[PDB]
Every structure is written in structure tokens, then in C-alpha cells.
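Enquirer: These are the residues of each chain, in order.
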Amino acid sequence: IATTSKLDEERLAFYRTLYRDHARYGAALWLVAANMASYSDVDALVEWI
Amino acid sequence: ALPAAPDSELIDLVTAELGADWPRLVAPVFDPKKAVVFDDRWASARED
Amino acid sequence: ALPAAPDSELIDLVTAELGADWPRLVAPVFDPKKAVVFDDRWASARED
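Protein chains in written order, with the numbering used here: chain A, 246 to 294; chain B, 438 to 485; chain C, 438 to 485.
Isolated chain A, as found in the complex:
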């Protein structure tokens, strides 16, 4: 369950290719845009996970 600064087309394509290139067994790549310099986003991220 990886986070990123912003979710746009380029990162979407990069992460899609990353999963489809490296995935195995029952792998699942969750992904959400969050700010690591914001305590509110950290709290939202932990309560979302």
C-alpha cells in the first residue's frame, strides 16, 4: 500500500506498468496520493489503512 505526492496520468501509467511487470501470486498494489509533510494526511492515511 504505497503513497505518492500526486496522482496524475504519468504516475498512474508508471505504477500500472510496475505492477503488471513485477506482480506475482496474490499481489495487490494499493495506491493513494498523500502528503508526508502533513499530520492531518498521516492521520487520514492510518485511519484509512
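It is worth saying that the hints were derived from the structure and are not from the lab. Keep in mind that the hints are not guaranteed to be accurate.
To be verified - Covered by chain A, according to a simulated footprint, are these stretches of chain B (three or more residues, beta-carbon under 8 Å):
#1 449-455
#2 471-481
What the hints assert, rightly or not - Taking beta-carbon pairs under 10 Å as the criterion, some of the chain B residues facing chain A (in silico):
#3 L439
#4 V463
#5 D485
Backbone N, C-alpha and C fix where the C-beta goes; we use that ideal spot for every residue, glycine too.
Keeping the supplied structure of chain A fixed, place chains B and C upon it in accordance with the hints.
Expert: Chains B and C alone, transformed into the frame defined by chain A:
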């Protein structure tokens, strides 16, 4: 101008103590409905 | 209500990121007119 003055001082000491780019560098972006899942391996396996 | 909305926003992110006591804990108190000098030793010497 009654609350704009103390708010102006708030902005001033935020700029002096932290910086003028603190709201940008700190603003939240998280939204639970903008998450994406990528757990479709079987279709990728067939295409591969 | 137009600037009170972003001002309130800034209040809430300084509350969540730093705290509700940040303005008090950080507010400046310096004033050059309130300095005090204590270089009178001769009079103290005579009284001693």
C-alpha cells in the same frame, strides 16, 4: 478589519517563524475516494 | 465570511500540524525600551 488584523499578525508570525510557503508545503491532499487498486494480474497474465 | 474562511483554514492547520497553543508559545515579547542596566557598583560599594 476587526478579525483581519489578528489574522494578519497570524500570517506574519507564520512567515517569520516558519516561512511564506508553509501553507503550501503543509496543505493536505489525502482523499479516500481517489485511491486506486491494481490487483488485476490474471488479465495481464493472459495478455503476456 | 470571505477571508474568515481561509483564515479559519490556516487556524485549523496550525492547530493540527503544530497545536492550538502555537501563537502563545511563539508570540514575540521583545521591546528595546524595556531593557535595564545594572552597572552601579560604586554606590553599592559605599552602602556595603
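Enquirer: Give a verdict on every hint.
Expert: Going down the list of hints, with the structure as the test:
{"no.": "1", "hint": "449-455", "result": "violated (count 0)"}
{"no.": "2", "hint": "471-481", "result": "holds (count 8)"}
{"no.": "3", "hint": "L439", "result": "29 Å, violated"}
{"no.": "4", "hint": "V463", "result": "5 Å, holds"}
{"no.": "5", "hint": "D485", "result": "8 Å, holds"}
Going down the numbered hints, you'll see the structure goes against 1, 3, while the others check out.
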